[PDB]
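What you see is the complex with one protein chain gone and the rest in place.
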Amino acid sequence: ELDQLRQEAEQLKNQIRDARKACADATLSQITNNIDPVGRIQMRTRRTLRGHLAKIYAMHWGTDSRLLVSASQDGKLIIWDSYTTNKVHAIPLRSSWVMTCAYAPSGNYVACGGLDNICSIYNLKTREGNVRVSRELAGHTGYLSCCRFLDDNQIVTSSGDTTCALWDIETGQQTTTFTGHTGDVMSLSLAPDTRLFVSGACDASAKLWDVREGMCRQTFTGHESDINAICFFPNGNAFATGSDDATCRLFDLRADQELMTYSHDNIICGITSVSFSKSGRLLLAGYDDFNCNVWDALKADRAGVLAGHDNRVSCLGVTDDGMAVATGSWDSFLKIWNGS
Amino acid sequence: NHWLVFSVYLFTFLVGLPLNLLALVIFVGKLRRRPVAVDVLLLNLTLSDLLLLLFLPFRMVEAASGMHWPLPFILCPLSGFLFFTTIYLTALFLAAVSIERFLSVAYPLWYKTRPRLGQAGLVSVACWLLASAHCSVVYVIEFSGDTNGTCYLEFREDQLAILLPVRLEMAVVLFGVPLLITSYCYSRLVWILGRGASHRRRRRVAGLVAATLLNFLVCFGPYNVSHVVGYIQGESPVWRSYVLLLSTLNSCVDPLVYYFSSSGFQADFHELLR
Amino acid sequence: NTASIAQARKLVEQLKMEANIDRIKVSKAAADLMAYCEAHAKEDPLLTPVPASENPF
Amino acid sequence: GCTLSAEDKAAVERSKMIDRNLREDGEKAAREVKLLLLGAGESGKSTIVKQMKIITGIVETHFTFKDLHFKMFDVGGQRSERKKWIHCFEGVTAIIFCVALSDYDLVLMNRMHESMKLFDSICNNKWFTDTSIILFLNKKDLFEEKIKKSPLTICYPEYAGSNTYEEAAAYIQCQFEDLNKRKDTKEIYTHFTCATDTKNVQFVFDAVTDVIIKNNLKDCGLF
Partner (left out) sequence: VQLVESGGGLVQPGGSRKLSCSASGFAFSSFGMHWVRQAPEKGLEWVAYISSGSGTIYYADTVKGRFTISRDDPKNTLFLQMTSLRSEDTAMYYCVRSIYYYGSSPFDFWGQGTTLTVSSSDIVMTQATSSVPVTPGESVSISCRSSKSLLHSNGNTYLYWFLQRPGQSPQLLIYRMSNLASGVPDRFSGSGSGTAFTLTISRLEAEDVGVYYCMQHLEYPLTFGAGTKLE
């Protein structure tokens, strides 16, 4: 029957909770209370980036840390030159409803995918003057979210059908499928070292999956609702998670438990596109109250507010070198913020 | 005599300046996000209100000692021209915005398919030019009939015969024509809007239309009837005091209807105040 | 039924694989995070602003 | 003053050309009416799509009527959380909701009662607080033959009116309109469809014209 299996699963959950609680003598706040505070931050934006007429999801800069890929609901993919405010490429989209931006480590490919259940790879370095579709991937029964770029040939994606898929660029066939989530899967930041990846589902669960083995190894449940934001703390031993309520949680990888949560009584709206910095001191969260916030990922306290936006901030990202931070909202405006 | 004028003039200036100073910010933002002809015509309606109100303290702070200008005779023509052209520009701007609102509903497909940004710009420039030329005709003759003289007061005999015909012509052209155009356009607006629609549409449209018609009448009715009756009487009427007070009240009431005229304006206003 | 048994067995197997994990103390992980974070503090423009002359905007 | 480095002159000129193409595409899309198609089950969605298209993602319809390009999106092929992708469709010209009149007896709570909560969630949605909704009462011909045998008392326990189509359809429309708690800012256009005198496309055109007039009024000041 199934009653004994359910009882065994409950006992295993209790054992896992006991093991997690055993190694919880001290918290991050107690250790970090004896360090110098980050202090007030007055980061301001020096950019315009006015080329869109729809909601913006325009992150995943790239390794060169200057080019930008921008996807909106108008059905156009815009490649931005951040330094000079220039549009490099304007690729028409077959489907206007997309929520995905990727630039690939090589920079010669751009991934796009939304609720059309199609993932399109666009080749940038073509012998002609235009940008054409290099590979179309199908096999997902839900809206696409995140199109990370392991290599020039391997692309991992998440959809709303409670699964994740790794596809090959050369052959449009499935390679490795992860089926362990009970809800829609987004927030699939691709590690600092590309050998691993984690994904946050809609059932307040964040699960890590082996790229080669293709099996789940760790799960985290510390939220109370759907998760729509994941970073990976470029150190490689922790990752940040954001949910539809105004709270973020930092989960350690080796400890396998939530380290600390960042929340305030003055924030109630949602959270989208949580990303870290190149060192990890600053954690930037895109809230739904028409502005973004900066949190200290070490002690607890806030650091700054980025209020230079009109509509709800939907995407946020940082360059590889941490020179500047791109923020995009539904007001078809992209703001690039840099330190003083 | 001067108490009634200056007590209401200071109140109008003080209560008006912040209102349009604020309104210009949202108008500039609206032009920044997406452009539309009605917005640009309404913006031209507003910076005229600033130019009239910011130039108002030059003439307001005079104490009206004998209705004379202590300042030299070269500065009075500037104040007179600007103040007289700003008041008559409102009628043309209202006619233009009512014209646009007419095809906004009468031919919705025509309005949606074909944008009229350049047409609105050129017609606004044309209205500015027409109002400025009509105002220039009047004061280009007043300069000289040949504390030593007065401006916009009892004049000599030579220039009255030149003024009164063209003066009445200006009054008729810049009052009756906008009256007929705006009344016809808004009547067709409230007629077409009533063909198979809800009940709150008729309220929120016709009530505002009637209120604005009453406001336009209250502001520019006594002034124009005094203007007309001056032609039959022949001499300049002595009712020039309150007719300008109502004209100033017009420049102050417009923010109030600007606020609650459109729901989008209310939504934008309630959020950008920081 | 005959279909829920497979799902329950899969869940139990996944929990069994997750059960035996050589986790380490939370304090040690926090100390490692602090060490890495303070090691690269000087190289992070987010925390320490760069001079305007060398700022690429 | 920096001579723009020669090649960056051509780069910024290419940027201006891209901006020109972008604004041309935006102007073209601004004149395109977007309609969202929704339904509980079958709801006669296929019949409406097939009839009005000539007169696993989205089966987009780009039919034209009287120099107007209409966009129709069907999201019935997606089985996932609705609220995650429901904000992408905000700002549409109108939302088309189709409900079958012959669904007050069939189950899998009958189908129409299950459609009531979907209608409530769609009409009362925060993203759809300013978009007019066109309701279609499909299966009109089946209603005539399947109301005589099956009384209306099974579905509505508080109905005591005459067992006639002209009253039962009005009652169903009355409850469907009563599901709207934002009547002061939104309106519902209810229409009945049949395989004859196909005015459904004309009804959609009339509702689209009304909502365009509504929007232009907000853009042009009054209301």
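We just call them A, B, C and D in the order they show up, numbering each chain from 1.
Just so it is clear, a residue touches a chain if its C-beta (ideal position, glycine included) is under 8 Å from a C-beta of that chain, and two chains touch if they have at least 3 such contacts.
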item: Neighbouring shown chains of the undisplayed chain, as defined at the top; value: A, D
item: Per the touch definition above, residue among A:27, A:86 or A:134 touching the missing chain; value: A:86
item: Touch residues of subunit A, complete complex, unshown partner; value: 66-67, 81, 86, 88-89, 107, 125, 127-130
item: Absent-chain interface as seen on subunit D, which is shown; value: 2-3, 5-11, 13-14, 17
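Everything that follows uses one rule, which is that only the chains that are shown with their structure count from here on.
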item: Separation of subunit C from subunit D, taking each centre as the mean of its C-alpha atoms, in whole Å; value: 45
item: Interchain centroid distance [CA atoms averaged], subunit A/subunit D, Å; value: 33
item: Contact set on subunit A toward subunit D in their complex; value: 51, 53, 55, 73-76, 78, 81, 84, 86-87, 90, 95, 97, 99, 114-118, 141-143, 160-161, 183-184, 202, 226
item: Subunit A-facing residues of subunit D, complex; value: 8, 11-12, 14-15, 18-19, 21-22, 25-26, 29, 56-58, 75, 78-81, 84-85, 88-89
item: Subunit D-touching residues of subunit B, taken from the complex the two chains share; value: 36, 38-39, 42, 97, 100-101, 104-105, 108-109, 111-113, 115, 189, 193, 197-198, 200-201, 204-205, 208-209, 261-264
